[PDB]
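Q: The residues making up each chain are set out below.
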Amino acid sequence: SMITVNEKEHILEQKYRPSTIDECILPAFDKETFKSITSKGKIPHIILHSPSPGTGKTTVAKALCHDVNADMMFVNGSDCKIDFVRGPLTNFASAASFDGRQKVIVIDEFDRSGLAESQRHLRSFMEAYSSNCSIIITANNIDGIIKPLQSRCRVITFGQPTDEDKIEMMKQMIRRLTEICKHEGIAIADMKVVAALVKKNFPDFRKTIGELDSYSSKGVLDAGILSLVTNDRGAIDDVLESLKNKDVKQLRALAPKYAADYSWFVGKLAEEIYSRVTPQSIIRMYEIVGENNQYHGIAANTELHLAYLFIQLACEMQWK
Amino acid sequence: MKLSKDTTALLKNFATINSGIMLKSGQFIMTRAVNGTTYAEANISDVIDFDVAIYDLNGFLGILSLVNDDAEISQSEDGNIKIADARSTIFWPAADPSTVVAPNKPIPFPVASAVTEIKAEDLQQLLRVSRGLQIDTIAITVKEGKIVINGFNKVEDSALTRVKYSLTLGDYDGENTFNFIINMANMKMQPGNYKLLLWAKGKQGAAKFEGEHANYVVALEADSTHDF
Amino acid sequence: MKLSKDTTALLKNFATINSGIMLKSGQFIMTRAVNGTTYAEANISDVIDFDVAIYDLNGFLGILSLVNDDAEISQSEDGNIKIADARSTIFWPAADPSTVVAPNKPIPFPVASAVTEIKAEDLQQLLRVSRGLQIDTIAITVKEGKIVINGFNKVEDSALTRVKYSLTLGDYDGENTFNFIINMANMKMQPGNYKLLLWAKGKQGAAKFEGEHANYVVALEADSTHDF
Amino acid sequence: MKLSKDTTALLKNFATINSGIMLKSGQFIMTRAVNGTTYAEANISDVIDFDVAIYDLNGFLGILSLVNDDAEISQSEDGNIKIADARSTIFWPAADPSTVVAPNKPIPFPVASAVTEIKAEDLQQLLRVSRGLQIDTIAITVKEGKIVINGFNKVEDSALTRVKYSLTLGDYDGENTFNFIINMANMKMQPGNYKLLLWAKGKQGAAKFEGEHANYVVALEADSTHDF
Amino acid sequence: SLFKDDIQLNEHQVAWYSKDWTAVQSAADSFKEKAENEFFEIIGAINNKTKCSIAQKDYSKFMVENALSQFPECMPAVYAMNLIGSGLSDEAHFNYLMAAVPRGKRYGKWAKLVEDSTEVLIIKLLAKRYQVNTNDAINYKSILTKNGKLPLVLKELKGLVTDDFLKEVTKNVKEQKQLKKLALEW
DNA sequence: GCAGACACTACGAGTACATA
DNA sequence: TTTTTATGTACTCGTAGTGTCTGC
Ligand SMILES: [Mg+2]
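Protein chains in written order, with our numbering: chain A, 1 to 320; chain B, 1001 to 1228; chain C, 2001 to 2228; chain D, 3001 to 3228; chain E, 4001 to 4186.
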């Protein structure tokens, strides 16, 4: 085959984690920028950041190492404290390589806040040790990496693909999903389903595979499972529909339903009405909901105070 | 009941396994790590004349260090613990045997799979070095029909590759290939010579340290490999 | 003035009562606690030849260890301190007396309202056990005709009812019922033998420990009940 | 090759000077500080048979202080350092000289510009006092026809105007005027006696300490004021 | 500095190779360089009616709210977000302001008061001494300055200027200049 | 016996959060 | 051409100062 299987594990988005730098689904320029690196043979100081989880960051790190036959220390970013940097990180850099192997240090998920000192400390560690080894950093939020590090490092941002890189990258993944179904023994009756999984989750390939796991429950991806993946989210639809229609009997009825977590429901409402209503009705929905929110918890009957929000909205909110 | 510097000794040890302990009437004490990584058991001199749950085992072992050897430990009329020293009396709590993690029964080992031994002297040389050498993971395998231990540093080589340390334990008589990997964190046992019985069935397996005084049984780790 | 092994022993103890000290010319010194809860006088074998205040008494006792026994302190070229070694010289800052807490008079204790005794051995057991059991308060009273010391955790006790520790000391030949209460952080005195003199007039009361080296006087707490 | 208590004890001291060392075949061992400010040299019984850089110097010796004296130290089959104990073996990482720094050549010492010596107890006092007085810098000059040392705290003292500590070494028989300033960081020397040798030419100079087991050369800073 | 051929190693190599972590510390500390706060990119987005670039970022409802408070034209919609702000999506709060504050422009300077911190001292030292609050402490300064010249009150009170109290009044060596100033012209 | 070395404590700085 | 409200609470990091356990 062309695919890697780890076979030591059952969790399937991790059974199939790519081995080389080729196996990866990356945008054009980035993938090349990576081959080019494994060509010149020695690895520069790199920071890899998503922030969407599961875009390949920590995979592309492990790969660069495989492709350079590097001697690697994989470390938990949250475990890398000042004494680690002084300690087994310096122990490592300074101790000798007769293999003629690029020494690479992978610091995975380095974006924590209290590591500010470990970070300032590394940025210096780099100047003294730079020629023994090299450092690949994985982060979700770059801002959690001190600016003096983003400086000395090549910073490659995953997750923001061009419009064409979106189109190809998904093709590559539809193909990849099908291949995993070949091995795991899943049958594909309707393919529109494998395309659904990929479009639906796109920036994140990890959930994208996971959702392949949970929807294979029966062992076939069929036209019915299509209906589930595709099917249209939020259950605030009943209230949104009643508000458009400006009726009460229905709204009056839904109030006691969401009386349970009011704090959550008010959020999901502000979220989904903001898109579905006119611009100057937007300025009002905040006044209406923002006030209703303030006085909640003063309000005696929560169910009723929720009804009073529904009526207030149906009148003033307008839209198509 | 009365506790002897010998047994107060074997307990400070079971404190490095579970912060608490369950001891029921008898000559026999067991404990197990809360996360099930380590199980200890022993038979003792001093005789245990009532049941009780001890939440703090290491701090009460700290408070029994302040009385005379003659001190008389009794359940308190009020159900806690009374330590009567000669000129003095101390009062220490009991928790219910629900909040201390007891094993059910004294887990019997299976028929072993391979067996070697280790001398007291050579246990010292391992523990004591691990600190310096940063050996946090070790492996019992065969080399030249003679079983060796191997120290590694798992953070430096995640792959257990550059072996920083080794100690040859005795001749290997049977014929099987194995790498058993033990986390230095589970090695909690006190020093001295142990008969070593290890067992493996596929994704099953365990290592029993059979001491003179107490027995120790330690979990292997998951990258452990073997055919048995 | 030179200082001996026996002299700095005390002072190293007085630094636990009050950070600094003010000593005056003579064979006698006292630190008193700042909050005024506890106080210590003693008489020594060396003679002080001038008045000076020391704000860091610990710090100073430390630099002393590093000089020979023969060493000579004396007022240095400016208002400040000088320790003259055989081969070298060391200067220590001389505190402005605004900065150090002086006792203000050698409090000449009353006639003992009751006398008992506590051994080097017992005081030792108390102080330590106090730690393990979080015992921050003790109350001395009579139990079955002997003078007993009791102790609790005034935090989780508050009533001083549940008794964590009891110590028998000696017996009581008088006929009067008293319960005397001391704050434990007020018990700072070097190890060893003390004659304990309790004294109480109504809402004022105290406790003097007569040691073979120094004397100590601790405040009784408001809760003390008695008939005297 | 094997190591002697003598050659081990010597080494740890050399560790305080540099975290590592570069040694080669001989009976002669040496380190220099990386910053260039301090250097050492010593000759011992035991015989060095292969060139090796170490990395954790204090570490290598740690392992050593565990195994026997019978410990034989070879070059590992992989270019690391292999150490052979009774029933066992240990590989210490072979360092990478890219990192390590040691003396290129043992540059020797110009004849003494001026000569004195310093007693065992007297080096000690200096060091242990530097702690309690926070002295980071000292000065050797002459007051009243004798050669003495002066401890100052450079953080509160810009101009080293205020002297906390002075050490008299016995009289000066030369006629020259100097003020020489060393950093307390760079005084790594071990206890026991030292003949002192001070050399200067106007913008550049040093000090060599010649003891029963070693020699040390620490460099003077800028504010040294000197003639000739 | 011996040996006179050392390929001068950088600040860091010296530190690390020799292993004195306080050198390592001055070295690391060298990169301290702390500012950030792209807050004005969000604020200016709300004024100049541009593309959001948010919820990906860290929003201060208070920064924004307050920055906009500079301009009287915004107040109606800053105020609105005051009474109603608590319990609005950090995002909702941004969507409102965008749909609210109409024109756009702002130049920087925010309003702060004048502090004669001579005078701030005298007031906090009356407030402490008498366990009265600030407004009364005021009346105090006036009837002292007016009558009794209050050098005396300043004289008796100077005793406690405790340098920690100083940590409350101003933030810098101007604080150590007061330490002396109240200890002076009474 | 001390001094040295290890372990555990605590405070200061940083960070982030929610209600007013 | 910018730039930090008040009151309480919680988690983590780092270091320095305290202890006890150990080795000539
Ligand atoms: Mg990851």
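Careful, some of the hints might be misleading.
Said to hold, decoys possible - With a straight-line Cα cutoff of 30 Å, these simulated DSBU-like cross-link-like pairs (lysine-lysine) come out: (1) E:4034 with E:4149; (2) B:1119 with D:3082; (3) A:200 with E:4057; (4) B:1119 with D:3002; (5) B:1082 with C:2082; (6) D:3154 with E:4032; (7) E:4032 with D:3012; (8) A:268 with E:4112; (9) B:1201 with B:1143; (10) E:4004 with D:3195; (11) C:2082 with D:3082; (12) D:3012 with C:2002; (13) E:4124 with A:81; (14) E:4034 with A:207; (15) D:3201 with C:2082; (16) B:1082 with C:2154; (17) E:4004 with D:3203; (18) D:3024 with E:4034; (19) A:147 with E:4032; (20) D:3119 with C:2005; (21) E:4019 with A:147; (22) A:81 with B:1119; (23) B:1143 with B:1012; (24) E:4049 with D:3105; (25) E:4149 with E:4124; (26) E:4004 with A:81; (27) D:3005 with E:4149; (28) E:4049 with A:166; (29) A:81 with D:3012; (30) E:4004 with E:4019; (31) B:1188 with D:3024; (32) E:4112 with E:4124; (33) C:2002 with D:3146.
Because the hints were derived from the structure by calculation, they are not lab data.
Q: When the hints from earlier in the document are held up against this structure, which numbers fail?
A: 1, 5, 7, 8, 11, 12, 13, 14, 15, 18, 22, 23, 24, 26, 27 and 31
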